[PDB]
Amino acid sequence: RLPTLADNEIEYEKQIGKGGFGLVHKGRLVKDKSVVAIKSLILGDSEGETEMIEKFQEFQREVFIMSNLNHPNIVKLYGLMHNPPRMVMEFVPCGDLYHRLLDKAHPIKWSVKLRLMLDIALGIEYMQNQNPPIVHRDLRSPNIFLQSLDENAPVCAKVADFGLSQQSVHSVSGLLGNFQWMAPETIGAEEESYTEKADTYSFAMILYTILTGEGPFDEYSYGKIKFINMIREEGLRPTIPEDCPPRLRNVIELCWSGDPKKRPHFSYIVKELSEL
């Protein structure tokens, strides 16, 4: 159940569009003056082959997944527009976590790093409590949008970009490609099954990057086959700094366990992060 918005329920402000299947624009809800980011579907007759034009399949999935999600730490879907098909999302004003962590001259202060860790944990906790659980499959720092970096803000971080997401009463499967964020059972083949526990591993890498300001596995360099084999068969993981608080170190280490069953439920993750 998602609301339909006309053309004159929203007024555009400007474009901003680094988007997977069309443009992104900033605008406003005429009713609220709620600020809003509008993602359009554009097939584009010329460039793409028939196979690539879906990609209508991705836009559709993102709508269907988002339609049931309502939580403060998940980017909210306000409505749908037609001609062209568009998702109207809440506008999140402070960019994304990946680009913020690149600013090394201005490191994020510790209390704000814990706010970010907990906000993202609460959003994934909510996903994993859905029936059936939502599997995002693309959790990484560019897909964490920052609402505010004030440590007393109601909401600092939100989970975004559910285009690859699954919610099935069956086994989930599919090879995943950004490998330094993805669980080992997802990077070997199309062939093997896995669950929401693959997102719990990605969340470990998000804890790592917030802790250190550095990209997961950037301390290693290997050819692609050897890198995958090391992560899958030799337990290769990023090095957690010696000064990491021990409760955070344990949460990260359990969350990136090679055995998906050993990665904790989010009620345990949330409790431990709240005690830091």
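Numbering follows the first chain given and starts at 1. In this text, rigid core is short for the largest set of C-alphas that superpose within 1.5 Å between two forms. Compared with the form deposited in another entry:
- Only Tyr194, out of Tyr194, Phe91, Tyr126, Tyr78, shows a C-alpha shift of 2 Å or more between these two forms on alignment of the rigid core.
- Positional change of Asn152 between these two forms stays under 2 Å at the C-alpha, relative to the superposed core.
- Once the rigid core is overlaid between these two forms, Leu176 counts among the residues whose Cα shifts by 2 Å or more.
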The other form holds:
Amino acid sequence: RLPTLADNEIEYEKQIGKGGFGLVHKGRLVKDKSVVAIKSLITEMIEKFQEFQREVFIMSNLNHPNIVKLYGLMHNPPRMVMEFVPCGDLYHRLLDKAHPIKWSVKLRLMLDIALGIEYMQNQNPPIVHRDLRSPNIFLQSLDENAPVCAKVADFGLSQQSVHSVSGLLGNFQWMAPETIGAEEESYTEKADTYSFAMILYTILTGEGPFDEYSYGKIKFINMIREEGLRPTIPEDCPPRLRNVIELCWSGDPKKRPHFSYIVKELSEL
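If the structure you just shared is the form deposited in one PDB entry, then what does the corresponding form deposited in another entry look like?
FYI, this one's just the chain on its own, none of its partners or other molecules.
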């Protein structure tokens, strides 16, 4: 099911953050002493309750090593109890320029994320995250021999059944073109595939996607949609990686590949 643990089973330790519908806490699980993260819930915008519920539904149906696991629920207030991932997030790690990630570790990271997404796309119906970017990838370990190096986190914006329209304004540098300016079949799983190409770009270069450019917001969106504007892949990138990224970021969603092709090409690098 989704199990309920309320208060006796859990012990709090600190506070590790704020951000979305409440307060996040570090804590631990008293029965076997696993360490966990605890997400709490704090009119018309008081329907972020709907957000909390949606995150629950999606998580309860996922069970994979490269996806953050939901342990249980707690009541009064409403809380989510999830595994705690020790080494921070990908976006912050890439910001340390003095200590670049080594090439073999970079490959693990790329593959580990691709496995997580492949699993999501194989569900019926397919699960779409909708907010994939570097701050949403959490790091379990940076040892090249660890069983797991990276995990997909924060299903704050996602859905089932391949449909949804344009919604809420976004950091457009990570999103597929059919999702930004409005469209109709927009938000299939193919949109996540475009976001994955940006994650590959960032891991490869250590840089933000589209940071080479400066445009006003309307102009930038039009360049990406109509002119095919993309980040520049460096000359020394291996050709096999260059191909995977270019296919993944195609303007036509139908040309973005299946994750079975993607995992195979990455394993050959």
